[PDB]
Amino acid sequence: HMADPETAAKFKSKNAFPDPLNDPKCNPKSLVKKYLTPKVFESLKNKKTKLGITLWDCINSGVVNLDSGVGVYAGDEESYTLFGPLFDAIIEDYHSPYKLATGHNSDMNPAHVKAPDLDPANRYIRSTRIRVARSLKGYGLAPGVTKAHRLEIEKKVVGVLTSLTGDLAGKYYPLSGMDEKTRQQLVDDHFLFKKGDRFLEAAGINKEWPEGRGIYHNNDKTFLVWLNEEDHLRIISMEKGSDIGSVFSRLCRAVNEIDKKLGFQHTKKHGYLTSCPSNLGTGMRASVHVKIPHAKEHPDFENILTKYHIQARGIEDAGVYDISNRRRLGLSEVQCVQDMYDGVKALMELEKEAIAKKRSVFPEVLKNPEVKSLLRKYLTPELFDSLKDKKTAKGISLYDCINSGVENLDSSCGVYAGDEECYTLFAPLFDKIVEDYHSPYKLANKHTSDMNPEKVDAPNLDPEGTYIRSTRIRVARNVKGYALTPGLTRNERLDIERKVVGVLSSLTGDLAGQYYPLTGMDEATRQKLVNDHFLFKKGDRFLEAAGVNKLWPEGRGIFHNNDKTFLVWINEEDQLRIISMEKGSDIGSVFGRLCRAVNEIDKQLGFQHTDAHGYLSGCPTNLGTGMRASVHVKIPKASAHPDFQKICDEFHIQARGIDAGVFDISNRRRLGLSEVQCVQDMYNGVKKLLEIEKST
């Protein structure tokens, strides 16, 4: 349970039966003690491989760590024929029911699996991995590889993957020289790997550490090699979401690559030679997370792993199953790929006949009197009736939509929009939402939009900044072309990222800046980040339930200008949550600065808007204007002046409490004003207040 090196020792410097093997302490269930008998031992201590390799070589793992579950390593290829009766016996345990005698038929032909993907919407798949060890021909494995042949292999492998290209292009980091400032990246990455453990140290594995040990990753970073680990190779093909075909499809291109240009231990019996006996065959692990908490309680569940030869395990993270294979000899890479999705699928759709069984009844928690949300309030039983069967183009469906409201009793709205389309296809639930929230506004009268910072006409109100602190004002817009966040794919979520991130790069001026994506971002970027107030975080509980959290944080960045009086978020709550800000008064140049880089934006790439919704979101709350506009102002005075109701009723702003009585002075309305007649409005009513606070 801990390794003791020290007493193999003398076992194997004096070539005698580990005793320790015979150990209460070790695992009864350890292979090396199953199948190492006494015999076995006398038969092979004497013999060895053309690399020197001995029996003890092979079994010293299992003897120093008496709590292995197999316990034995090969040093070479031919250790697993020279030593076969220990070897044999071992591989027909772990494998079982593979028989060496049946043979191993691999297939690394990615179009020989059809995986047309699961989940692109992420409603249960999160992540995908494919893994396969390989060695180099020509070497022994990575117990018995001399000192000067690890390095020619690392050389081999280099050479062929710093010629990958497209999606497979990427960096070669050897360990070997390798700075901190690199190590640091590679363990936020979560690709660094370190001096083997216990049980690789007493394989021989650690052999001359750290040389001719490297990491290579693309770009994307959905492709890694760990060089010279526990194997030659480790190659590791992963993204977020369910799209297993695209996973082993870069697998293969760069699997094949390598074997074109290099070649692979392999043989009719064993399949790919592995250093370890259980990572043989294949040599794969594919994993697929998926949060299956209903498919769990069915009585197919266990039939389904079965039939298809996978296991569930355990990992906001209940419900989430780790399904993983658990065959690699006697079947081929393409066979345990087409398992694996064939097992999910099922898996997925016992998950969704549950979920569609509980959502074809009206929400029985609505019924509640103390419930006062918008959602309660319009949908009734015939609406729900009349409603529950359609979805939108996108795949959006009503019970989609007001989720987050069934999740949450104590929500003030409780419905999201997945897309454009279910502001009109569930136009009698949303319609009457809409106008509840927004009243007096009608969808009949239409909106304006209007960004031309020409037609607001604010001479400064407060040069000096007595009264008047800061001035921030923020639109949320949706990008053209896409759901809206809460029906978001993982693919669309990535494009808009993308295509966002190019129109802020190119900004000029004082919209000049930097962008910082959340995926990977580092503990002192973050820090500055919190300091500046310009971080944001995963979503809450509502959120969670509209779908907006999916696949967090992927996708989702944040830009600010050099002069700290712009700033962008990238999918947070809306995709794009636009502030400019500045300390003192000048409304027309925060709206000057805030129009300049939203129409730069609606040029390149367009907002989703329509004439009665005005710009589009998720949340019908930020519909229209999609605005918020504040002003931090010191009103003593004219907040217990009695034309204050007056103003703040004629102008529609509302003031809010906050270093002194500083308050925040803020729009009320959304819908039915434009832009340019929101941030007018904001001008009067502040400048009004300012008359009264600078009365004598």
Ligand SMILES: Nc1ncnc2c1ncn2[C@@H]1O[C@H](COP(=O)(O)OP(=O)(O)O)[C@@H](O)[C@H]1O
Given for the second form:
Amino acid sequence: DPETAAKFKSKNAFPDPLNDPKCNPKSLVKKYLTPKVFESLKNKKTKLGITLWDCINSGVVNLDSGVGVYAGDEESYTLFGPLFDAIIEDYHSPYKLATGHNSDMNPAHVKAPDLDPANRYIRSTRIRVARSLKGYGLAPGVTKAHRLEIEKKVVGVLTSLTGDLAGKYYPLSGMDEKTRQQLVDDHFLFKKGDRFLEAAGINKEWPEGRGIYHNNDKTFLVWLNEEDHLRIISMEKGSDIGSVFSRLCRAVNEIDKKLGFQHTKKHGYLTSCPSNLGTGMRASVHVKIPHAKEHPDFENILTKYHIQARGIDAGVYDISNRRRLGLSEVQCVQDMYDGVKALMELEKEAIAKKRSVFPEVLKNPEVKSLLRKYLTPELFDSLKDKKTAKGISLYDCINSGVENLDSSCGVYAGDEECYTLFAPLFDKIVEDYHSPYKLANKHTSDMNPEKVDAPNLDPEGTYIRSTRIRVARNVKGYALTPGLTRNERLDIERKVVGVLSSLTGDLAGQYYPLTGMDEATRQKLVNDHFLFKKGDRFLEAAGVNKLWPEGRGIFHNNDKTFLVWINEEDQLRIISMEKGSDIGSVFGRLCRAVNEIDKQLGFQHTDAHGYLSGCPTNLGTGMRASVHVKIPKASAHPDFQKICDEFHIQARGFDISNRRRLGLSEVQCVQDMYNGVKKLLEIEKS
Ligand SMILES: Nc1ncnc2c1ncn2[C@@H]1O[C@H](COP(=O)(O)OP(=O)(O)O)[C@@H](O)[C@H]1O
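Moving from the form deposited without the ligand, what structure would you give for the form deposited with the ligand bound?
Complete assembly follows, chain above in first position.
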């Protein structure tokens, strides 16, 4: 009811609408703005001309207000003290203004070893602070010129930031619809203030003087002249709150050194809304704690570390500090860290207990996964307490098969060591799926295209319609896809993109990261059938979809013959494809690119398993050679089945592909693909 409140404001009369027609019982302005308080202060004005009615207006206009007051300037907090002091000490109880507040923005005082590098629990981390500049009023009392001055001074500081803090400023006045659309996508844009901010006078001269700064990494974000002069945000996926706090402090302290902030001993940093006083800080973490949420100690942990939990997928909560006043920013972050760590240990207890016994669901005879076939309780009990150097357990490896009972295999490797440490399971699975290959036989890799003699089969394209060869590779030195930490995944993306951008000739192309993928870029790539989406339930349970879509992307050449998927199911899925028949050309292109990547980075590889992958089906050559070919006549001939078995290739309604991956080189596999097709099309002249 803006129109009603204006009538009282125009008379400078007591705001009757506070006398609950439908006013919030908890409303602090209703509680502390009494007739005598109003009478005592209604004629007082700050140097900036802020009145009591200016400060209380939002709370009278918006009767559902929890707080209902905004300060126009620093003087408002003293001049209208009797009102603000009561509101502050009630909202921030048991804080006492007489006690005082101590700020601390030294990140070195924070002790925060990274809680969750593997991202088993924590999804994202974010720290926000609100700050106001010296020499000016607060948001409701800022003049038109002052706001422009603030924009000018802040941008000057922000545009001179270096390192990971370097970035771009986007003012709201103007902003191409293109730019706007992009910022909405990143969730970096703020809109006109809601009814609470409107009634506080915060939307004055919208959108003049308002703007957005972000660094190139998009891990640092500043809102200029929104609810306060500055809303400064440091954030990233994963759990590294110490890193997040450090980046925040570097930027905030630099701005403070050049401009200075509004700050008192009793209020801490000054903000428009009294709720944001003190640290002006909200430190936050998104974390999956379904089991901890139901533990009886849950609420007592929140109370103990002074944190709160809010609903956001399933079991994922927003954990943030409850306190602003009476504690330092350092103490606030530390309490956040300790509370989250405590809740994480709870979650780890429940999961460890549940993983301590043999998965009873595997005892069902309707389950026909390889996991069920080979994993006995005795084998489980022999392996269950063991972990690789990266902390990968047996249960980590079989999790997808236990969560998805309809798995064909159900077992993934988090790292190379899994194939050794959990050999009594992996050996059986490998030798079963890749039967009759024996691990003792060892495997020979060979990516020399000159050792293939494959003259073109069907240059008319009479039968063969297209030729596709894919290889799966993983980068040496890292875990496999299910076991990747956040930093590993990003590091792999950076290195591979660095290599792919050095590719010349017809290998030249560019990289399309899934993160920051607009609309025009997406739907296009999809038409080419180049786009890959998020993994399914099997990959999710394996740990392949962690931090999606961070670090994922697509590279293709101009001719669209050479394609690379980065950090999908394997770290590198490399595809060469074209035309109709020339198997020898596809492979030559494939080898040129793969060998160059191999030379710069290296691949995970053993004698026994060939090229390593998270999924045992992709071992050895890690290669799929496929032929699309019209063969009506030979498919019914009594030699067709003799042929497929003799050359160990499979035919599927008419996809012609290799069945073998282990115990043969890539040269040998391609040559056999050729020869098999050669005798198949041979009958297409019966
Ligand atoms: N740890 C986090 N990771 C990612 N996003 C977050 C995190 N914490 C909060 N957010 C998002 O930031 C947005 C604004 O946060 P909000 O709860 O309004 O805090 P603030 O008062 O600092 O703006 C919300 O949409 C919320 O989903």
